[PDB]
Amino acid sequence: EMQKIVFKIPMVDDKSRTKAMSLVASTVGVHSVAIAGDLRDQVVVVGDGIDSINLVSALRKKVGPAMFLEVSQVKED
Amino acid sequence: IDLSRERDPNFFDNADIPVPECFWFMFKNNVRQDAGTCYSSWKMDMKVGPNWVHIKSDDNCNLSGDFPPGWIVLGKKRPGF
Numbered sequence: 188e189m190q191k192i193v194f195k196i197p198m199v200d201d202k203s204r205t206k207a208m209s210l211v212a213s214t215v216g217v218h219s220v221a222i223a224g225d226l227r228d229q230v231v232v233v234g235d236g237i238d239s240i241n242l243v244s245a246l247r248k249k250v251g252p253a254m255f256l257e258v259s260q261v262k263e264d
Numbered sequence: 033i034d035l036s037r038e039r040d041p042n043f044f045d046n047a048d049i050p051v052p053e054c055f056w057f058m059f060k061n062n063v064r065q066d067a068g069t070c071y072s073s074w075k076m077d078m079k080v081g082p083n084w085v086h087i088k089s090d091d092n093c094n095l096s097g098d099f100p101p102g103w104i105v106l107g108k109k110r111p112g113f
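Line by line, the protein sequences give chains A and B.
So the first sequence is numbered by full-length UniProt numbering: it starts at 188 and just counts up by one.
So the second sequence is numbered by full-length UniProt numbering: it starts at 33 and just counts up by one.
Check each hint, because a few of them may be wrong.
Cut-off 27 Å, straight-line C-alpha distance, at most; resulting in silico cross-link-like pairs (DSS-like, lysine-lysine) [to be verified]:
{"no.": "1", "chain 1": "A", "residue 1": "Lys202", "chain 2": "B", "residue 2": "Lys109"}
{"no.": "2", "chain 1": "B", "residue 1": "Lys79", "chain 2": "A", "residue 2": "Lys262"}
{"no.": "3", "chain 1": "B", "residue 1": "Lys79", "chain 2": "A", "residue 2": "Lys248"}
{"no.": "4", "chain 1": "A", "residue 1": "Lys202", "chain 2": "A", "residue 2": "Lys262"}
{"no.": "5", "chain 1": "A", "residue 1": "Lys202", "chain 2": "B", "residue 2": "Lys75"}
{"no.": "6", "chain 1": "A", "residue 1": "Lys195", "chain 2": "B", "residue 2": "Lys109"}
{"no.": "7", "chain 1": "B", "residue 1": "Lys88", "chain 2": "A", "residue 2": "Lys206"}
{"no.": "8", "chain 1": "B", "residue 1": "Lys75", "chain 2": "A", "residue 2": "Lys262"}
{"no.": "9", "chain 1": "A", "residue 1": "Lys249", "chain 2": "B", "residue 2": "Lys79"}
{"no.": "10", "chain 1": "B", "residue 1": "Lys109", "chain 2": "A", "residue 2": "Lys262"}
A short, non-exhaustive set of chain A residues, derived as facing chain B with CB atoms under 10 Å [said to hold, decoys possible]:
{"no.": "11", "residue": "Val193"}
{"no.": "12", "residue": "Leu210"}
{"no.": "13", "residue": "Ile222"}
{"no.": "14", "residue": "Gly224"}
{"no.": "15", "residue": "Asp225"}
{"no.": "16", "residue": "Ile237"}
{"no.": "17", "residue": "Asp238"}
{"no.": "18", "residue": "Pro252"}
{"no.": "19", "residue": "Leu256"}
Derived DEER-like restraints, expressed as beta-carbon distance ranges [unchecked claim]:
{"no.": "20", "chain 1": "B", "residue 1": "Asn42", "chain 2": "A", "residue 2": "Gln260", "range": "17 to 25 Å"}
{"no.": "21", "chain 1": "A", "residue 1": "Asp200", "chain 2": "B", "residue 2": "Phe44", "range": "12 to 20 Å"}
{"no.": "22", "chain 1": "B", "residue 1": "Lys109", "chain 2": "A", "residue 2": "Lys202", "range": "30 to 38 Å"}
{"no.": "23", "chain 1": "A", "residue 1": "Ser209", "chain 2": "B", "residue 2": "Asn94", "range": "36 to 44 Å"}
{"no.": "24", "chain 1": "B", "residue 1": "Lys79", "chain 2": "A", "residue 2": "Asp200", "range": "33 to 41 Å"}
{"no.": "25", "chain 1": "B", "residue 1": "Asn94", "chain 2": "A", "residue 2": "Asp238", "range": "28 to 36 Å"}
{"no.": "26", "chain 1": "A", "residue 1": "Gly236", "chain 2": "B", "residue 2": "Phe44", "range": "20 to 28 Å"}
{"no.": "27", "chain 1": "B", "residue 1": "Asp45", "chain 2": "A", "residue 2": "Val258", "range": "17 to 25 Å"}
{"no.": "28", "chain 1": "B", "residue 1": "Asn83", "chain 2": "A", "residue 2": "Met198", "range": "21 to 29 Å"}
Keep in mind that the hints were calculated from the coordinates and are not lab data.
Every residue gets a Cβ at the ideal spot worked out from N, C-alpha and C, and that includes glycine.
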């Protein structure tokens with residue numbers, strides 16, 4: 188069912204946050220993306236049919252050294 | 033660890049999906065690493081330092097898992113939930 192994937196992208200700056208969100212939002216399967224967390228380097232992705240390995244690779248090539256923090260499913264009502 | 037003295041996580045509640053009931057806080061020794069939101073009565077896989085941990089939450093946002101030595105992820109029910 189519905190994916191929740193959270194990356195940590197350390198050392199991201201505001202322009203790189205914007206770049207990260209654009210990249211994520213343009214990815215097949217993505218419904219939403221937000222930047223959160225104590226350092227503002229959590230990238231919270233929700234969708235369905237997201238190829239998360241292809242996504243982390245693209246973030247690493249274009250943004251910064253992204254790492255997985257969480258993979259889970261949305262708890263539907 | 034005294035969660036009463038911890039600042040809230042910096043979260044974004046997504047309007048399209050149910051609101052997660054719990055705050056989580058990750059620590060190594062006494063030191064907060066990051067924090068976020070998660071569902072109660074649920075499960076997630078989270079990277080905790082050098083190890084993935086399968087974390088289960090109960091109805092009261094208590095979090096269970098095989099955490100690596102020195103690490104913990106602690107849950108709290110959000111206010112109003």
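Here is how each hint holds up against the structure:
At most 27 Å may separate the alpha-carbon atoms for a hinted pair to count; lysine 202/A and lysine 109/B exceed this at roughly 34 Å. For the hint linking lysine 79/B to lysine 262/A, the alpha-carbon distance of about 20 Å falls within 27 Å, and the restraint holds. With a CA separation close to 21 Å, the supplied pair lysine 79/B and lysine 248/A stays within the 27 Å bound. About 32 Å separates the Cα atoms of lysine 202/A and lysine 262/A, which puts this hinted pair outside 27 Å; it is violated.
A threshold of 27 Å between alpha carbons decides the hint, and for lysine 202/A with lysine 75/B the separation of about 33 Å lies outside it, so the pair is violated. Of the pairs offered as hints, the one joining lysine 195/A and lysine 109/B holds, with about 24 Å between alpha carbons and a cut-off of 27 Å not exceeded. A C-alpha spacing of about 33 Å is found between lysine 88/B and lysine 206/A, which places the hinted pair above 27 Å, so the restraint is violated. Pair hint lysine 75/B plus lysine 262/A holds up; C-alpha atoms about 9 Å apart against a cutoff of 27 Å.
Between the alpha carbons of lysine 249/A and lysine 79/B the distance comes to roughly 23 Å, so the proposed pair stays at or under 27 Å and holds. Under the criterion of a C-alpha separation no larger than 27 Å, the hint pairing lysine 109/B with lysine 262/A is consistent with the structure, at around 16 Å. For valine 193/A, the interface hint holds, the least distance from its beta-carbon to any beta-carbon of chain B being 7 Å, beneath 10 Å. The criterion of a C-beta within 10 Å of any C-beta in chain B is not met by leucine 210/A, whose closest approach is roughly 18 Å, and the hint is violated.
Interface hint at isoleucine 222/A: satisfied, since its Cβ lies 8 Å from the closest Cβ of chain B, which is below the 10 Å cut-off. Nearest Cβ of chain B to the Cβ of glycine 224/A: about 5 Å, under the 10 Å cut. The hint holds. With a cut of 10 Å, the hint placing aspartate 225/A at the interface with chain B holds, because the nearest CB-to-CB distance is about 5 Å. A cut of 10 Å between beta carbons decides the hint on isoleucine 237/A: the least distance to chain B is about 14 Å, and the hint is violated.
Violation of the interface hint for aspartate 238/A is found here, the shortest Cβ-Cβ separation to chain B being roughly 17 Å, above the 10 Å cut-off. Checking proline 252/A against chain B by beta carbon gives a least distance of about 14 Å; that is not within 10 Å, so the hint is violated. Hint status for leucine 256/A: holds, given a least beta-carbon distance of 6 Å to chain B, under 10 Å. For the pair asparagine 42/B and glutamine 260/A, the beta carbons lie near 23 Å from each other, so the given range of 17 to 25 Å is met.
Look at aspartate 200/A against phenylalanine 44/B: about 19 Å separates their beta carbons, and that is inside 12 to 20 Å. The supplied range of 30 to 38 Å is met by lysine 109/B and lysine 202/A, whose beta-carbon atoms lie about 37 Å from each other. Checked against the hint of 36 to 44 Å, the pair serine 209/A and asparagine 94/B passes, with Cβ atoms roughly 38 Å apart. The hinted range of 33 to 41 Å is not satisfied by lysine 79/B and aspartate 200/A, whose Cβ atoms lie roughly 23 Å apart.
Between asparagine 94/B and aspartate 238/A the beta carbon distance is about 33 Å. The supplied range of 28 to 36 Å therefore holds. Restraint check, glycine 236/A to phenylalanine 44/B: a C-beta distance of roughly 22 Å satisfies the suggested window 20 to 28 Å. In this structure the hint that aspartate 45/B and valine 258/A lie 17 to 25 Å apart at CB holds, the actual value being about 20 Å. Range check, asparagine 83/B to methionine 198/A: about 23 Å between beta-carbon atoms, so the 21 to 29 Å window is met.
The structure does not agree with the numbered hints 1, 4, 5, 7, 12, 16, 17, 18 and 24 stated previously, though it agrees with the rest.
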